[PDB]
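It is the complex with one fewer protein chain than it really has, and the rest are unchanged in position.
Chain lettering (A, B and C) follows the sequence in which the chains are written, and residue indices restart at 1 in each chain.
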Amino acid sequence: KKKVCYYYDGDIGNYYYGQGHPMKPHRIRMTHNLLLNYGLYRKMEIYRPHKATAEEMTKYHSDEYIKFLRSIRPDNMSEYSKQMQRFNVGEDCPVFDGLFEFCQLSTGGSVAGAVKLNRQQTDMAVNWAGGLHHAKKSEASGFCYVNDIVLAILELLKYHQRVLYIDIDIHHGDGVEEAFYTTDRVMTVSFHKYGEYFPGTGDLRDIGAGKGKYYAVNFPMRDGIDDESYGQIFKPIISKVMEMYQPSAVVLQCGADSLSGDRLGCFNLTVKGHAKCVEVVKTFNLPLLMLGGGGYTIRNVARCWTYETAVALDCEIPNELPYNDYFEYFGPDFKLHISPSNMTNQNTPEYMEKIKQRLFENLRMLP
Amino acid sequence: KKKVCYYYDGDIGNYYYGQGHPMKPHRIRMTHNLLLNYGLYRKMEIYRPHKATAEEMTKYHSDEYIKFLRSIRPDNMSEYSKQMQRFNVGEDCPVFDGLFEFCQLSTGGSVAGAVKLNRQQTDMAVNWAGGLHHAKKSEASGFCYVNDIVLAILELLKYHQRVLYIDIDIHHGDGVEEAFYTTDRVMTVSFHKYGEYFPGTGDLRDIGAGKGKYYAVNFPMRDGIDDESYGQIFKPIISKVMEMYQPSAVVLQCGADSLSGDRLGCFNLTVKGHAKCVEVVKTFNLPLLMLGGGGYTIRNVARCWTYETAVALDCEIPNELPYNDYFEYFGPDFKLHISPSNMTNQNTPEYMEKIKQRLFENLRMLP
Amino acid sequence: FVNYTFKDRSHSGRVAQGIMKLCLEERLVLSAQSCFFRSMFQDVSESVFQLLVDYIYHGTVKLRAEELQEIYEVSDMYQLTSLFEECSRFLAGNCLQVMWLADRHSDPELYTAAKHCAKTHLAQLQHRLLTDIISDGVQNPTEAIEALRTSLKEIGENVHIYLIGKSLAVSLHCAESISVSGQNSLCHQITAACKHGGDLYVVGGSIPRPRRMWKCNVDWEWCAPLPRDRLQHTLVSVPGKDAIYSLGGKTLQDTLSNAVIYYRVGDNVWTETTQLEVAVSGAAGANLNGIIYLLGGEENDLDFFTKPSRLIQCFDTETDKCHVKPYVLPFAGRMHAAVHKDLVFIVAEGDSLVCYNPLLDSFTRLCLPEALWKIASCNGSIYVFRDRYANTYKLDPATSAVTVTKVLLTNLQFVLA
Partner (left out) sequence: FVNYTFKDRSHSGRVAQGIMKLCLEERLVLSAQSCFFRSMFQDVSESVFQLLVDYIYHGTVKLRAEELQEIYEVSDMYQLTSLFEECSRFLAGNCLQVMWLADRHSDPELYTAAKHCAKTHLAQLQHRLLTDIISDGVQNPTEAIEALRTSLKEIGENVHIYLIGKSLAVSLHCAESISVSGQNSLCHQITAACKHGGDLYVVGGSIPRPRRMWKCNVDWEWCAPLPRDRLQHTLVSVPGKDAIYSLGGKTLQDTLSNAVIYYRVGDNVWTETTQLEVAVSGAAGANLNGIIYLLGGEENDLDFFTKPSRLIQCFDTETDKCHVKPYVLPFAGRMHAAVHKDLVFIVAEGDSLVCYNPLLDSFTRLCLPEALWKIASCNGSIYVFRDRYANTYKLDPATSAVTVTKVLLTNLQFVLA
């Protein structure tokens, strides 16, 4: 059938971000067990992301920035206190124990998964530890240090001419877009909430520049988009983009922070709706890299990522969750699916239809 | 004394832009005579910009764009009608006879003048035919096709580490800033009118990104800045920038469209005020490339550029213009200086002082 | 908790509504509006006095064309209320009589409008009032005088209406029918045009730098550029302050603008001024008594696009202040306006025409001949023109009858006043 590759290491669960931390990487392990407990592990191929060398990171990043990140330990923050302002590390995205070891694995799955994906080894590579997109060339933005998505895309361009990057998330992917804003080799379709949101970028008019003038698609959205609206905007836009662009290997960054009830996001997507997008992209039958970003409400994120793994395996998983290691977190419901909240969808059909027409118009200028 | 180099070819005066054309290159010849008639020619060294090869232009520009510009003649606009939209040539900056030959000379003075300037041949190079800054990497913007400023700056970086680019003009210099927006080798201080103006860029917050994060200084201004205000904002800002940056070779783009009474601009600078800036930059005694941009009201522009040449020669020229070839244009006044108009200066001292403090603050982060 | 001043903003409304109700359903009301009634507390008819008392108590005034006379006389004798101002503005063939009325009732606003009409139609109608007409200007002044000498002036033949078509602009001349005397081509694209005081001003050029301005009347006289780059910016002329205003507009960044600038013919300078409350693009401008009214256009919608606007913005030039009306336009979208007397005849969409009086809040509608019209007012006549080449029609305001009145232009881009 559809060969699938999994990337996971246990130790990633011990990287405590800090007291009062929205980002909790250990959530992925609370996900891994749902793969084993449901039995998806046997049908799948499971690996662990190996260490990413400092030189490997010096493909899109600067040498000085990676050296700074590697040389900062929690005891010696005093020596580098001056450089913590030039690189935006220490406050919004504070430094903690084994930070570089954390990026040895968050990035180790993207490059090493794209290695198998570009080669004739798999049609779908999975890495829930990755999905970090806000990191800049020589700066840490958001909760990201090394941009695993950009490294994977660069590693993919060696084997493929045109690469489509789909950003299923609630945050605009700044690092990927700016990394490929002025090139036609990579088009970055990004579905994200726009306004007075974190990234600040991703305007409808940010359609590109230079040779890649019409190779930057952004779909701004408001808060609370339902499952139906997201799917009905996702399938045709993606189909039209591929028809006009002929991608060779697509990179889907799935962010479970798009689910309803996340502790940072404000979207209303359910697990079924979030898996509808991955299945839609599967219909086209192209190589699909899968980066798992965001992931802040650890229960909804764990359930969503396990379901996405099930979809990748084209298997069936019961709604009733089997008693797991962290069942106490799952609470009295015991359900694998989450009921959508009662929040209003601010994306009216006229707004969605107009943005879709603008995107189609911009796609008509594709050589 | 101060060795000065002049660059001029006569034929440049025959490049008719088109009916109803704001840009009239032949104005430079109406300037050249004022150099000869005043006698500044003898004390100076005079040369002509030689042809700029297609390969030479393919240093900052794309090969396809330069090939398109070279291969479009007025008779055959039909064949390339499709490509006239991808490169923004034909409407706002229409094609005319000998367009490529025009850029063979508008650019031929900047690279070949920077050749002498970087070497131990001159302290001041002059090229009134250049000053084209709005051209993009692979697009014609404004009234520019090949960015002579960017080519000259790149040719300068070979011999110098840090290069300061001062844009004395009323339009923000888009090509130069974006060409060096993400690098610390070149800082681009641009004094320009900001708002709903042509370029659309040059915001006070556009202070840079990447390694060149704090290497992009812009001083937004309103319409009608007087001589005194412009000088009092120019001298301290430039002094502070040089003190914090240590430039090796400065590139001054003087735009006579900054003069009062120009047929496109709206500044209120006089000839004396415009020469105050060049003399200020001379005080620092660094290599000074001189690119003459804009130049739309041909009388004020001719007088200003001849006076600027006189300042470069450190000579004295009488106010009473000697009967020249184009005296009929100069009208009954016969004066070499132009009286400032009665327009209001919208740049209040509080606004100017606040922007100066913001620029000083941004300069304090210079490593 | 101890001391504060209490000002009830609704006291006036409550007292007015109560006086209206009790008086209608059952001296102070009249004395509070009219000084002459206050002084006293035949000339007017019972029917007119009914509307007079309706204005005294309720302030609800509608007119039919046949009563203006009394609505003038009484409103200048009984009181100095806003009724007199409105009736005189509304009054602003019949010129020879309105001259005498304005002279006898000392109205310095109706008098000038009437002198304008009388001077324009002096040939068709061939003591101190005659001297005023002659001094104002004029086309047979000497012949009319024969039918003193130093009390005469001439302005040749000023162009009544201009129009840009397809690129040359034709200087249409109105003779009491239409005539074509004058023609001049342009090499430039015209973003906006404002025939000012018998002269044509055109602003445009290339679309990224649409600032070039020309005074073509030997044509091609260059003028001071505007410091902004905006498309579909409303250009208006105000000879009262000798200033040409450029309001609103859409930036080259697909973003609407609310900036306002004004030119000076005497000084040849452009000066920025107060901004608009709501940014609009393509709105029709109407200069009434120095106040600029910006009608319709496009307004921001969905955070990225524009929708047909139906707002009315008001720029007070004397105070240089902008404010949006509390009511709404009948329709929305591309629009054309033309000032006539104290009214604005606004035309949009198809078979739609509204006479809007901005000092008040009411819009009327007149039936069109049921065919993108463009309207243009003359000294005393309204001319409607079809966007594509009958090519011209004359609108009678009283009867609303479209009467067909030389056209050599396939297209009709601009129809200036």
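By definition in this document, a residue touches a chain if its C-beta (ideal position, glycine included) is under 8 Å from a C-beta of that chain, and two chains touch if they have at least 3 such contacts.
Contacts of the undrawn chain with the visible chains, over the full complex, involve A, B, C.
The missing chain, though absent from the display, is touched by one residue of A:36, A:46, A:77 or A:343; that residue is A:343. Of C:18, C:239 or C:240, it is C:18 that touches the chain left out of the display.
Across A:54, A:84, A:264 or A:286, the single residue that touches the chain missing here is A:264. From the options C:44, C:48 or C:61, the residue with contact to the chain not on display is C:61. In the full complex, chain B touches the omitted chain through residues 195, 204-205, 220, 350-351, 354-355, 358.
Residue-level contact of chain A with the missing chain is found at 18-20, 22, 91-93, 141-142, 193, 195-198, 200, 222-223, 262-266, 341-344, 346. The chain not displayed touches chain C at residues 1-19, 21-23, 28-29, 31-33, 38, 55, 59-65, 81-83, 86, 343, 355, 357, 360-362, 364, 397-398.
Here is the rule we go by: only the chains that are shown with their structure count from here on.
Our note on geometry: chain A versus chain C, Cα centroid distance of 60 Å, whole angstroms. With centres set at the average Cα position, the gap from chain A to chain B is 46 Å. Not a single residue in chain B touches at least two other chains.
Within chain C, residues 253 each touch two or more of the remaining chains.
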